[PDB]
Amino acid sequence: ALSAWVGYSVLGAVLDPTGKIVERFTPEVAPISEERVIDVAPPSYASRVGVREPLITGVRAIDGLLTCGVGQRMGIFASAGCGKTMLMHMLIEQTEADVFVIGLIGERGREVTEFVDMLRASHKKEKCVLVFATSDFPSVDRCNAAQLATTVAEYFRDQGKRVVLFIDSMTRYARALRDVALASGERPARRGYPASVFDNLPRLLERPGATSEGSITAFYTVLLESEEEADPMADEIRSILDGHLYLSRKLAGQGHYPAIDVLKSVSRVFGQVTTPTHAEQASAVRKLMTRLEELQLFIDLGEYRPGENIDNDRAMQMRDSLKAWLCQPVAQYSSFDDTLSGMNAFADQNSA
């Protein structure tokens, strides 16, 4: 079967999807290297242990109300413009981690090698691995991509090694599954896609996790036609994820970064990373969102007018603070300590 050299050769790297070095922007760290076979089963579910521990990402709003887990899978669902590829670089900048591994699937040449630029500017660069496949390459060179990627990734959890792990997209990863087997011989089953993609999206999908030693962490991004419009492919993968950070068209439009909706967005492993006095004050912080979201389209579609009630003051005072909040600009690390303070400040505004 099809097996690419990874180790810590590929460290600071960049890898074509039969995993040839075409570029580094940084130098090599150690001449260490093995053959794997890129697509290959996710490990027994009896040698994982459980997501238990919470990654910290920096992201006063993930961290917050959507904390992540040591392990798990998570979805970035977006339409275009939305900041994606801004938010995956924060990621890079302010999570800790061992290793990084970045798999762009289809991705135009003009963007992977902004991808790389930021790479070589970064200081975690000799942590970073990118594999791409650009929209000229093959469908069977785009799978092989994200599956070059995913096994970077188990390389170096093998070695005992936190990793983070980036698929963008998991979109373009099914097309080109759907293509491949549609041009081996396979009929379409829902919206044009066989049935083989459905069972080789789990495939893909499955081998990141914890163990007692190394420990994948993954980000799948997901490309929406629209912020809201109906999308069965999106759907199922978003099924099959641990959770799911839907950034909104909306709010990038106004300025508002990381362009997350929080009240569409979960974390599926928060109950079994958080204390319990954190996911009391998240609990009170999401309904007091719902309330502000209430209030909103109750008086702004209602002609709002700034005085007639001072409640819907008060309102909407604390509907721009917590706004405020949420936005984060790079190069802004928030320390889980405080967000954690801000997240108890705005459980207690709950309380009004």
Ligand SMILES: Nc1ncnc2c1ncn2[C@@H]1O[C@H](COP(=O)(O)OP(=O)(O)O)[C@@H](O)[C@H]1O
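Numbering follows the first chain given and starts at 1. Only the largest set of C-alpha atoms that superpose within 1.5 Å between the two forms is called the rigid core. What changes on going to the form deposited with the named molecule bound:
The comparison between these two forms, aligned on the rigid core, picks out a single residue among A183, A80, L263, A230 whose CA moves by 2 Å or more, and that residue is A230.
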Contents of the next structure:
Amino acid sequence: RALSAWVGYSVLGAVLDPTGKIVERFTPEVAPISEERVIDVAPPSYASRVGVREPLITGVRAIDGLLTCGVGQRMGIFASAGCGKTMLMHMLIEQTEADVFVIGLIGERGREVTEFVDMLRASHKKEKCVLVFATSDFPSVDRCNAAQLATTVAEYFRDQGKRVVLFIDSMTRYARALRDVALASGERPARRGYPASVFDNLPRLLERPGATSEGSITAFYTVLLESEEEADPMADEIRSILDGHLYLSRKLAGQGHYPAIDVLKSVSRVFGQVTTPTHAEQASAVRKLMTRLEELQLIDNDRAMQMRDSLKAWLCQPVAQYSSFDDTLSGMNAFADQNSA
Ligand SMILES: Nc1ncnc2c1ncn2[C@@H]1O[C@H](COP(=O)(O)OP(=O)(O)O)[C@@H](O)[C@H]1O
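Form deposited with the named molecule bound structure, per the form deposited without the named molecule context:
Up next: the whole complex, starting with the chain shown before.
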């Protein structure tokens, strides 16, 4: 399982199978610069990293205002079917300003992999993106190697001083792949099916992104919620290792409200660390306003109803639209002024 892969500028604008071989390109080769690297390497020493200080502007108002991410943070995207998470990923790719984008699709159906590649084909920052994939037809070993290879490419470009963003689709599937790889060997599984090595190996992958002296890997990890929430232990044991999490709602999805971000169910554990005190005050004000508006739900009724509509309209944002951080904060200020009255 512990394989070596060839990474570098040669795979910029390219699709990789779980072994590091280029199986497709959507732009010419940027430069023939490569490196052989072990894809299951240990995370950087806790004493060598720099703290999550700077924020990462993702262009989305619901994130920049109430859930601001940090350069080096490890965010989670919690979704079920039809919550709109893949268009959220493409939105983040388009709007965010970063040197390199690295997507890692794990256990996805090959149709969806092709669809995402074709989406990357039309992006105007396509030469920055590197896709790594492992379809269902691949063994669990290769689905695991896919996420490890994506993290390794991100690490390569981090050591080059570049600002790197890393997506991993379905951390659930990488967890299940580690579980299956361990179970295929002599490993004992009484903990909800997952043996001991799974819980040591998940954070080993999660603790690799993060800011360094120069160069950084901000990472997003997606988690499937099934359609129950009564039986979902892996989601909650994954949320604990993340520096925040994004909750996507089937409710606002069925409404047509995208990004289907439930702001109240979400948090960025680096928000206060990457936001100015003014922004931090306005965020708490808008949070109180939202909790008051949803707490009320069963001339004082009319104003508050038009206010709920105004706020939900401000939170809604098509992937075409882009909002700068200044305008985002200008909207935050208005919806805080409303809380002050
Ligand atoms: N600009 C848009 N206008 C209307 N609907 C949109 C737009 N962008 C995304 N959607 C909705 O997002 C949904 C796709 O969700 P999807 O990303 O496939 O969720 P998942 O990734 O969890 O499968 C579609 O049903 C579509 O209605």
